[PDB]
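The form deposited in one PDB entry is given below as one chain in structure tokens.
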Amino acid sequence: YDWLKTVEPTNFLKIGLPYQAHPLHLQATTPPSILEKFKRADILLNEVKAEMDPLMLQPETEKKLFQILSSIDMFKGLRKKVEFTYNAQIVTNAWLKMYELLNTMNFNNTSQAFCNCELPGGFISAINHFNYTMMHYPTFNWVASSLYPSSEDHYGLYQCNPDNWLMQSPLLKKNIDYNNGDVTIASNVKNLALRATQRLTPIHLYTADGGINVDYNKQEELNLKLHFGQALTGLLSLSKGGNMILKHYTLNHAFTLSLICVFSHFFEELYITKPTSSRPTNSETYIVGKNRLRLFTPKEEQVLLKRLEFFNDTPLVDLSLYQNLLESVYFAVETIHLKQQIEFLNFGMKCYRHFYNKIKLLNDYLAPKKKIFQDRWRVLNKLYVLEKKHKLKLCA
């Protein structure tokens, strides 16, 4: 009915965080009152997220819920087009997300990528595709890692490029320095960053796209350690003047807020971002630091690695020293999560309610709206055919 066509196209949400003049002290203390706003956001957003619980109780309705949520992905058809028409590889939704990030973030240099938690490899491939067709980089050097458990590389990007991947297979289990890619493990983060700086100087682009897979309303808290080792891997490897793209989620926990406060001292610009192709129904955010200003001191490295090693929830910094910054993160929360995500979660519920058994009919009603959003994406993020000689080597 009406609601289905009035859908507004979404914007690349990009919220700058103000630069923090004072030096960094990793020390928590009496939290600033703004933390209360964030907890209200988290309660509210979990409330709206909790609305899909009844649907989760039976695998029948769960399946139909995710069909509906896939039906309101406004960009899925764009992936097939971009592959077929422009020779893009590994055109997952992450490819779209990375390519959109690279166009609108205007990075100074993306010619040397370390992509962490990358397993399929959309980010690498988008970076590759961007660097050749848009940045006209003579060559592209990259390294990647992903969690290789001793228990996936859907496109063969890992196995067809063993030199470019920094974790080790389960055949190297029992090695004293076995690095399975798990960035929740402090020694793996040291080793990964050491290994990257070795195959790659300088590293201009760090990306980290990891997420625990589980319950939906503890998602940020369940990922704090992963996302903290993601960040640490990047801050140990990224060169000065380098750039960082980290996948996050809701940003309401003090720890997350404190880690952003940490990020605030290392980059000249720092954005919380939500590409349009980042599914507005989820809480996923990408934290983007442009122009790394300086590297860790040996003390900062020690402390943060010790935190990752013996992890806990507590703020990394005194959060009341960053009132300005939390106000802008809160704006980002309000824009990305309390406004956009809640509306698109509500819209998704309304789609489930009215179409849970009429999936075909829902995709028929949205198809023109989908094309409008993919058209506008194609206008904003110019695409160019990638030359065979600059494809990635794929084994699948």
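Positions refer to the first chain, counted from 1. Only the largest set of C-alpha atoms that superpose within 1.5 Å between the two forms is called the rigid core. What changes on going to the form deposited in another entry:
- Comparing the two forms between the two forms on the rigid core, the single residue of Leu362, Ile336, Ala41, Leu35 with a CA shift of 2 Å or greater is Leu362.
- Put the two forms on the same core and the Cα of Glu62 is off by 2 Å or more between the two forms.
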The other form holds:
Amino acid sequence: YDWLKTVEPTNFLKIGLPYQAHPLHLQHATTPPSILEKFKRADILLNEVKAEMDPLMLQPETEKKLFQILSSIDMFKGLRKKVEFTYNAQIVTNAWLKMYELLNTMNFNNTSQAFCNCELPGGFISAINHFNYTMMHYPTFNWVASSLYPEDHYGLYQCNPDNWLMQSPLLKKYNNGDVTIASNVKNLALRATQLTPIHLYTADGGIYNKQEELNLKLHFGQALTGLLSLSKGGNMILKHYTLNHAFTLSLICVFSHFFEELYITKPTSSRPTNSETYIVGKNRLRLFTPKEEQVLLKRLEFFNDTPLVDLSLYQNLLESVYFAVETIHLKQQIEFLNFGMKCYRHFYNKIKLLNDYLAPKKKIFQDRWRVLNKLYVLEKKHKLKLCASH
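Having seen the form deposited in one PDB entry, please provide the structure of the form deposited in another entry.
If you are looking for partners or other molecules, they are not here, because only the chain is given.
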């Protein structure tokens, strides 16, 4: 009924974090500030709403109908193919859309000398290549990349060895691109810096109750690789999830010592029903000291989830991060999860009718996106060289 015909486009969610003027102190364990119980309450609540789907997953019939309902409520379903044909875009995965929305919204000072980590399909790379040649008009776009060795579904790794920094097992002798290994992280940055200035670092790494806890070491390494290679004034983009763990918040505290601007973003192209978030750092203020490099790389070498800094020294920032969690996860994500279950209860046996109801809105939402993130045809001379088809 009416609850389907009033659904409006979501908005790009962007929450500014304060930079910390105090000197960074990498910790060598401490008592948490009280605001961490607020974060723990948010993790319990979000997992409660996420748990509302467990009954349907037990029988393969209802599990199927659920993933169709979720498919049906994906308001951006047909957009990737529309963007690909109309504007000659390449590797138009959902990450392409997310990267393109980020570039059009965050107003970076430079997107020209890019290091994309945990990538493989050039969704982020292709989007930056597309954005640079059609919007920024850099004379040439030079980029390096890495990823855990396959997969390369579009032949971007195979057709551009010069640009990829990981190694196939034929060279086991050797950086396989695994950023959970401290030796690899330092090597990746070193090779990357051997691209002379690096202006844009991006990492889309990712592996439900413990999704953030299971990705902590991955997201730690993907951030360390950027912070070891991003030049001053450069920009950083990192894929994350719930950001409720104390280690995660301490990592954000580190970011906030090295960047002029720091934002927790949630693009509309990112599914409103998932916890995926993007930490955007702008205008790198300074580089690591040799000590900061050693402590942090050692924390990865022998990893445990003890906070990296004294969280009690970052109350302002932690309140802003909670406001992000509240806005992105506790409000938006929970509302859409609830919305998906309402659709399931009323349309599990009427998938076609729900798709009919929402087809007009899907065009409105996608037309809005294309109006907000303006696209232009990418000339063939600037297409990335690809080795495979789909």
